[PDB]
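A.B. asks: Taking the hints into account, I'd like the entire structure generated from these sequences.
Below are the chains, spelled out letter by letter.
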Amino acid sequence: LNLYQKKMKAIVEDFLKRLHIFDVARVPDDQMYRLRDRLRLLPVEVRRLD
Amino acid sequence: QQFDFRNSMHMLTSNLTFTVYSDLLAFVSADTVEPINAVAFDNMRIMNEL
Numbered sequence: 631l632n633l634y635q636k637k638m639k640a641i642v643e644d645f646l647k648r649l650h651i652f653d654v655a656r657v658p659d660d661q662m663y664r665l666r667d668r669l670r671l672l673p674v675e676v677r678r679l680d
Numbered sequence: 831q832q833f834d835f836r837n838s839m840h841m842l843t844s845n846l847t848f849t850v851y852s853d854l855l856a857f858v859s860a861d862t863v864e865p866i867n868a869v870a871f872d873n874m875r876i877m878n879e880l
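These protein sequence lines are chains A and B, in that order.
Going letter by letter, the first sequence gives residues 631 to 680 in the entry's author numbering.
Going letter by letter, the second sequence gives residues 831 to 880 in the entry's author numbering.
Using C-beta positions, here's what the derived DEER-type ranges look like:
#: 1; chain 1: B; residue 1: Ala856; chain 2: A; residue 2: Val654; range: 42 to 52 Å
#: 2; chain 1: B; residue 1: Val869; chain 2: A; residue 2: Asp680; range: 35 to 45 Å
#: 3; chain 1: A; residue 1: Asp659; chain 2: B; residue 2: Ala856; range: 34 to 44 Å
#: 4; chain 1: A; residue 1: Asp653; chain 2: B; residue 2: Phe857; range: 48 to 58 Å
#: 5; chain 1: B; residue 1: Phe871; chain 2: A; residue 2: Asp680; range: 39 to 49 Å
#: 6; chain 1: B; residue 1: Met877; chain 2: A; residue 2: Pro658; range: 10 to 20 Å
No lab work stands behind these hints: they were computed from the structure.
Cβ atoms here follow ideal geometry from the backbone N, Cα and C, with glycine treated the same way.
C.D. replies: And the structure:
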């Protein structure tokens, strides 16, 4: 979708939140990105993808 | 020195009507892309960790 502007610092945030326990604001941007770096290489799921 | 008209009468070569400008530059109209879109010699994109 070439969204060079929907800076992803976005998705990670929500993600973590949805599994309460983690104090989101109280966790840096770093780790977060690295988190994407790994997610990227992950296969979607037939449902989702389809 | 005695005074001899003839020899003291000279003609005058002068240009006509200028207009002198300083500062210069100013005449330059210039804007800027939005920061989120930079590039170096690279041309791929400076600052590119979305």
